[PDB]
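Shown below, as structure tokens, is a lone chain in the form deposited in one PDB entry; questions about how it binds or moves come after it.
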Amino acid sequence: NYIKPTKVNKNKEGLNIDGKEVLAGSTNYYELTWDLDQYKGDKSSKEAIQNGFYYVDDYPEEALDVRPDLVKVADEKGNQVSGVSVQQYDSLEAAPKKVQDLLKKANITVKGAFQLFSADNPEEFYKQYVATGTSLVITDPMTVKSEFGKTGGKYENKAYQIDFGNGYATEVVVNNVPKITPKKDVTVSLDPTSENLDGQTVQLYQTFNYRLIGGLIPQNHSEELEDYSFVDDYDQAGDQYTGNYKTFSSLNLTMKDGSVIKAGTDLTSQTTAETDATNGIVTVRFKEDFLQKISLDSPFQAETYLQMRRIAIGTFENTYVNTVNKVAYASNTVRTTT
């Protein structure tokens, strides 16, 4: 249009995920196009060519880590391009004046850190790709920061093609990271009204439940759920896991086939459990076969009740960790007294 660099975000499987929720620990497989086709067979002065050929990616450094060894420049046929290098700069102030002047002349402003891809030899780059109208594709994967997941928050990525010193902007690609915040309660039964005893008392030998509410995965998320587990390393000095637990959906779940599993539905059989009575730990994992059936357009959240017994006098704490695609999120810590 006619010189129209583009930027899209993709997941690992190559699905377009522009504007989608992206879980902490996920990778953004950004694809940048270097739009050269309109240049084919044109002639340009040596002087113009000497202004060089660059591609800037003003990536959101506060949120993402570049995965340097996944960054590739290819032509569209997939062939590796040599003669283009890339340099990350933590700021513009810290970049060569050559770079600062280049950007100023293209009227491009960047925020904090960015990447500059460079044609090492503008003459050979010209002859080989520009004159021949051979557009390129830059794969620039960048991974969400795990901590970001405690907070959530928007990030955006922006890019610029710079030919002959003229600058051309891609669209801005926006994503959001969900805040995942698991909760833990203490209850005597599964009744939905049952009293939270967090901060209260439990009798010796009383049977009770630790209720572990998982983090909420929002609709419109960017990739398959592979892992959603509840790991409860409880205090074996005061608590004994009786070997009974149940798992329930917390929301209506929409499957890929279009069916709906309603909120509160017993899904215990779509989970497995590891126990360890010695170190007092239990882990409940959804089966990956089940998780694979959830539509990317569905929210997801579950909760597990662990049947416990109080077996000593004293004050005992409990906290659980919800793992979501292998990132760990800790619940609040509950406390009861016997």
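Only the largest set of C-alpha atoms that superpose within 1.5 Å between the two forms is called the rigid core. Numbering follows the first chain given and starts at 1. First, how it differs from the form deposited in another entry.
- The residue among 258, 243, 96, 199 whose Cα moves by 2 angstroms or more between the two forms, once the core is superposed, is 96.
- With the core held fixed, the Cα of residue 107 is displaced between the two forms by 2 Å or more.
- After superposing the rigid core, the C-alpha of residue 166 moves by 2 Å or more between the two forms.
- Core-superposed comparison between the two forms: the Cα of residue 42 travels 2 Å or more.
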Given for the second form:
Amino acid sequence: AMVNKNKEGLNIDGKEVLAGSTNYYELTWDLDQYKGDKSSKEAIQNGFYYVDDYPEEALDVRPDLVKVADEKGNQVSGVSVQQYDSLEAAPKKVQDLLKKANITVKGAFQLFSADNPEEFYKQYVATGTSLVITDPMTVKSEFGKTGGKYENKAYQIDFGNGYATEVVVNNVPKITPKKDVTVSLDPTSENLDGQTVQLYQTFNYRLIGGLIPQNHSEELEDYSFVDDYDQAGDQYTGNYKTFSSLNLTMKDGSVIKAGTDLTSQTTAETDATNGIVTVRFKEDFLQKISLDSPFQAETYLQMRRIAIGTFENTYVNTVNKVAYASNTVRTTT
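Right, and the form deposited in another entry of this protein, after the form deposited in one PDB entry?
All you get below is the one chain by itself.
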């Protein structure tokens, strides 16, 4: 058996997992059927292992959180774990036992090993006592820029013979912030990217956040718009508005309609000297969004053009503290 969970313990098999989130896998090292086993010395000496072939393109193991526990919840001594970057890089002994167990891995994998096959056998195997491996891994930050499926595969090796235990699939959504230039808050208004802005004209930078899909695996804790604008040409006026980009369903079942003014659910921080403004969603609001709802929002920063010339803007949308850059807009004065 294999299941993926979030930190709070919810089953998240098949769910959308944001870059930066952790997959708290629980792998059952299933020894129940061996109660009253009568296998030979040589079969026992063939050993007991658990193999997790994790998808290293997408995930990094969190080695400090990896645990092997018995049925009382106590850590198991005499079991160790090593993570290898490939079969080729693995010790010869490891290559050989995988071959014998008839296990194929792709790229990087972990091997959990019974240090002393005879002691492990006497204690857990012949007694039919199953163990639970907690094996947390984090989605690579950069993967959020392309997104896509990943799957975790595991194998159990009993008496040197291996077999597949389970596969769990998840998907990483692609987070793609967008930046437009407007002279209106109407979402249908013309984009002035690539066009002219008059000297001392006010206008908006429209910062459209990335889309968090429904069926996501954990709470949203951060959704921010960080705009380091070019203060040689642009001045932030101190005014902004933030709107929902989609219909949101809250944990209480209420619905916030697309286009609703959510400015009061945000805070703002300015650095005029360095020409930066940051707008962040409040936890009080983010914690109310259903895990089964999408989330997306957009901020209109009111600017003033304050010099002749050509000026660019880019903003960064952070989503649970992973940064994603928007396109770069350009206007001329």
